[PDB]
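All protein chains but one are shown in place.
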Amino acid sequence: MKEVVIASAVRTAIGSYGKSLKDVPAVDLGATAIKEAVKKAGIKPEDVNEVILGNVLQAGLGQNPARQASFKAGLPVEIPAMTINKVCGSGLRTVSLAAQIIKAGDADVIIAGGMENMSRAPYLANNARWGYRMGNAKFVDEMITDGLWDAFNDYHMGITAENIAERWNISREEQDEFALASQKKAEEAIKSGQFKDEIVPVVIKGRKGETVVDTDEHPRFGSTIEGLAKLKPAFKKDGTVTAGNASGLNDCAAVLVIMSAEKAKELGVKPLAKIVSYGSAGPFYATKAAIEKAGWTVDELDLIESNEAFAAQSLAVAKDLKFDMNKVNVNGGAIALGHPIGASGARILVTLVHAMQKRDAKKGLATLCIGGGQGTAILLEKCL
Amino acid sequence: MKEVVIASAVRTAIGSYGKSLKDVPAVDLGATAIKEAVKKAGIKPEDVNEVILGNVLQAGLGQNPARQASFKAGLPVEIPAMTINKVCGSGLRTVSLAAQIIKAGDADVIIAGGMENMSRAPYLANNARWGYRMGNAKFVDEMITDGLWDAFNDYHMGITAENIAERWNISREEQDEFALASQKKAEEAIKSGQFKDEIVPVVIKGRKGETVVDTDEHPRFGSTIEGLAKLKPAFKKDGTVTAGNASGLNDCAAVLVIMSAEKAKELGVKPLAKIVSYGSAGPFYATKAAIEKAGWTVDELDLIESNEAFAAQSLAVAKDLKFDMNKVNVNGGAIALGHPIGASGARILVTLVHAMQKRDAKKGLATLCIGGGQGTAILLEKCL
Amino acid sequence: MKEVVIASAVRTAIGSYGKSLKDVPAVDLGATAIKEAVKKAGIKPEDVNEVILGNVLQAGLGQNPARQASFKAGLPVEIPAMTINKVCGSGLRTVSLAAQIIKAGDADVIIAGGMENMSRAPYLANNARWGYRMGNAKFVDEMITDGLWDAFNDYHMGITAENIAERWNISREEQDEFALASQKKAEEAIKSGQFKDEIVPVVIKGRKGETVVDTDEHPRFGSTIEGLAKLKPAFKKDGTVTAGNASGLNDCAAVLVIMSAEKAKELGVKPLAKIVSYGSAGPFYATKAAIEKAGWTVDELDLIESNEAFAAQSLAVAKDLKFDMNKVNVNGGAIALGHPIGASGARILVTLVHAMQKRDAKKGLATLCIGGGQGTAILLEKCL
Partner (left out) sequence: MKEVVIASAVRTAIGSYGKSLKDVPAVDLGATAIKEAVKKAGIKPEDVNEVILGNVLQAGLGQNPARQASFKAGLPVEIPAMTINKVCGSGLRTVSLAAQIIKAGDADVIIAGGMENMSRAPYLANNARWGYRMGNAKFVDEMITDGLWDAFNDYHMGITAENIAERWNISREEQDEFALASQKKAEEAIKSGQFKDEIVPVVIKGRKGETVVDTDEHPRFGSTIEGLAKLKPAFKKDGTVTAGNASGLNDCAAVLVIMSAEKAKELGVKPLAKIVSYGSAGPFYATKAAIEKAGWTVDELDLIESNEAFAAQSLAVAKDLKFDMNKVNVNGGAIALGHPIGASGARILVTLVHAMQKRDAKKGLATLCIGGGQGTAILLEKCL
């Protein structure tokens, strides 16, 4: 079984809803990240065998958004590309799929990751083709429907988080303290340059000027516990979940170059980390199973990226798995940084791997999504 | 490494645009085919490790259409699922992905295939979220944009078919004769029961009555060469491509149970065929290379399913690879039967494997899509 | 001051929702009726001083639908035109407005009436211009909102009819018997040619063929009391109002040439009737006051057109004013014939004046709409 490594890991800044990246289609974010990921790996476009990218809000983006990103990045037209939708899991699942294809003997170099522009999601008229006949109907927000709405229970993902808060008995105060810590860690990380290596600038050329976007926009610098304590609940009357202890709606692309170890050696590439194990192979058993498959334990881990869609979910996973919180989300998490759904799993992988390199941490975990069959996790070991 | 087999192969009937399946969401078609594939394979739903389904027109379908199909089929909620979009290749690429995952050692049993309901595609308002400001705008046909429109050339797929017809001198008459033979072959296949093993009925509950859909409705029985010659070009003035020599807009799901040979033995499954090679591993080099990797030649093949999106494109492939037309699309092709894009690759593989069983044909090829990076192909060898 | 006469009165057939006139814009219906009214009056288009037409569902019809009808009819471009919206009263109020303008000394000849195509009403996105921001919204049925929905009570017009039925004890059986008689009377009127003088054919050019629409299509011939008793309440649980005892959604134009008596003499016109009084000059005091202003009583009337939007409302008016039902809606009413809102008041006046001519009835009343400020009524006296 071939060893599989991460050659490069790059992301755009994470934009806020309707703000810095509103005018930049997901496929263009993806192209910008691909082009740079190839350059950082020290390979040529011709060396890439396949492109596999997460994207959740595909509506109206045109045929095969991953292929569009590939093309717009300068990759040969003949490189096959596919777009993967596993909602929250999309961006990380492309990385493990890449590893699987490499293990199967069918490729040596794969561009993986994800892209999302939630700011640009359409509205839909579902019955426009054959007609509404009579009566008011729903003008459907496609971002909510395709990205945020529980298709079975018929409520917002925010309601699942409220149920997890109740079930694990996680208070409003515990959630807001967790949020404030994410905010603080993100602020110092940004100000201390921890994201400078991993972020590729996005250049927006107007008719009249150019704007460069290279900094994560979503963090609220100078956050306070009092500010958080005043917030109104987002999802239900008397809820614990607010806009302040949950992530946002955000825009980003995050891409990694995944290679066999053998090809990386052949191409002179110095790999960042090796992919030791992944969830494909309590209710957080994907994460537990990936750790076990690595032959590791939670105590052994040096750094952990555990996504913060909701503070209540992050805290439940952390209590159940007994994470040392000093090693969790060291540069801030999704409450501060944002949750661009299709790209989010890849984004935290990009952040983990750069953090491992900067901090000399040997063992890393990236985990996100919760609930049976949705959890996605990868274990990384730093290349010496 | 591991040998990979097809345990079962099932599809719904293919509906015509706005007709028999207009009221059945893609996910429900998918669920129907999944449930029956699992039964036909003689395994339990809990023996399934992962679900991978193609679906192109995902807009407004809700989170993770593959997951919804899985759950609606009665598969355990904790089985992971992902939705794949590769446009034309989606349904067949899920089968090779399954084989790759099994080969990597990460699964024994995977549900693969695809689903599409083109009749139900929405219209889109792309700038409803932050506003149109002023001026008329496009009310977007999501089916055309996401499924049928070339994102780089900014024209319809139909133009590509015209381009191929032009470049190869595939005349209107030749395309019409090909279309007629496809029509005649579908009619005889349907009337002789050739699809009865592979079709799972769909049950539609009306207000009073259940309706059963179990027959492919797109074929135009009694078609004639004179009828086809009267039609007007559909895509360009003085063109060759018409409604009559092109496939339709169609609704279907097609699902296969893919397993390791070793797990099939263990579970007492009698498999239908072995997957010998696949495209991921002239301008139709994907298919050529797939054929070579199996150790075969085109002459050695017993049956061939080569998708008919457009007669022009099918005739171009057959000419280039020198197919014996007597072995091609023996039960009719997509011009007669329909082209439900996400499901189509899976649909032709379902029709191939049953036709191999019935006709005692040892070596089979399924191929669809044209152009570098897009060709998808699978070679099958029938099990003793 | 001046006496005011009706020179001519013409209407299109009334189409059913989504049927015979679905392809004919309101303005084209209006143009057809205008052109023929002018011919029937025996005047020249240039003798016309002003055009005043009712139209309720104006959305997306383009600038000044009345003006478009005028111009499409071949009236001189310099004739001023205006579109009036009073919902239910629109078509009849244009006739009294015409009389008022003539009485003020500012015109001799005015085209009045109304037009509506309910089948063609749009759907609306009210927040498309500056954006929805987030969340599902309403895709608005403009026909219901602009035409059928009570803007103060925020319920359907149908609820008002239920309210009246409730308050007056107008039972389901009584409403159904009224509906049946309306059906029977329309059927006999249509079959006996009673509408042949007043209907102008509409010519629809299909791709191959012109189609002629010249017959009211909404009546349900062969209706029976048992058929009506089986229907379910349409507006509220255990209601009295049904599809069967209420009017439909309909398409029509109805136009009258209104002139001073002195100009009619001058131009050699033989007028059909004199306008004696009008509503603008119990809770049906508009009609009562109109009757009194003519110097008349209800008993003195020879024929009455009282609009049937809902049987409940028609029975309430007839009870209160003590109409002799043998003189009411002698050729059938709106339950059978349809209720094209903008045109309806004009339509019933057209049917009244021809019925007076045919039946030699001297004194006529046209009345529609209910509730203070909304009642519209006109009294006619036939010319010798």
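The first chain written gets the first letter, and so on, giving A, B and C; residue counts start at 1 in each chain.
Heads up, the rule we're going with is that contacts are C-beta pairs under 8 Å (C-beta built on N, C-alpha and C of every residue); 3 or more make two chains touch, one makes a residue touch a chain.
Put simply, the hidden chain is in touch with A, B, C once you look at the whole complex. When you scan C:97, C:309 or C:336 for touch with the missing chain, the hit is C:97. Only one residue from C:22, C:39, C:184 or C:274 touches the chain missing from this view: C:22.
Set against the missing chain, the residues C:12, C:20 or C:68 yield one that touches it, C:68.
Annotation: of C:16, C:145 or C:240, C:145 touches the absent chain (contact as defined above). In the full complex, subunit C touches the hidden chain at residues 1, 18, 22, 50, 58-68, 71, 76-87, 89-90, 93, 97, 99-101, 103-107, 119-126, 128-130, 139-143, 145-152, 280-281, 372-374.
By the touch rule set out above, subunit A reaches the unshown chain at residues 125, 127-134. The omitted chain makes contact with subunit B at the following residues, 18, 123, 125, 132-141, 143-145, 249.
We adopt the following convention: only the chains that are shown with their structure count from here on.
Here the CA centre of subunit A is 61 Å from the CA centre of subunit C. Each of the following residues of subunit B touches two or more other chains: 125, 128-130.
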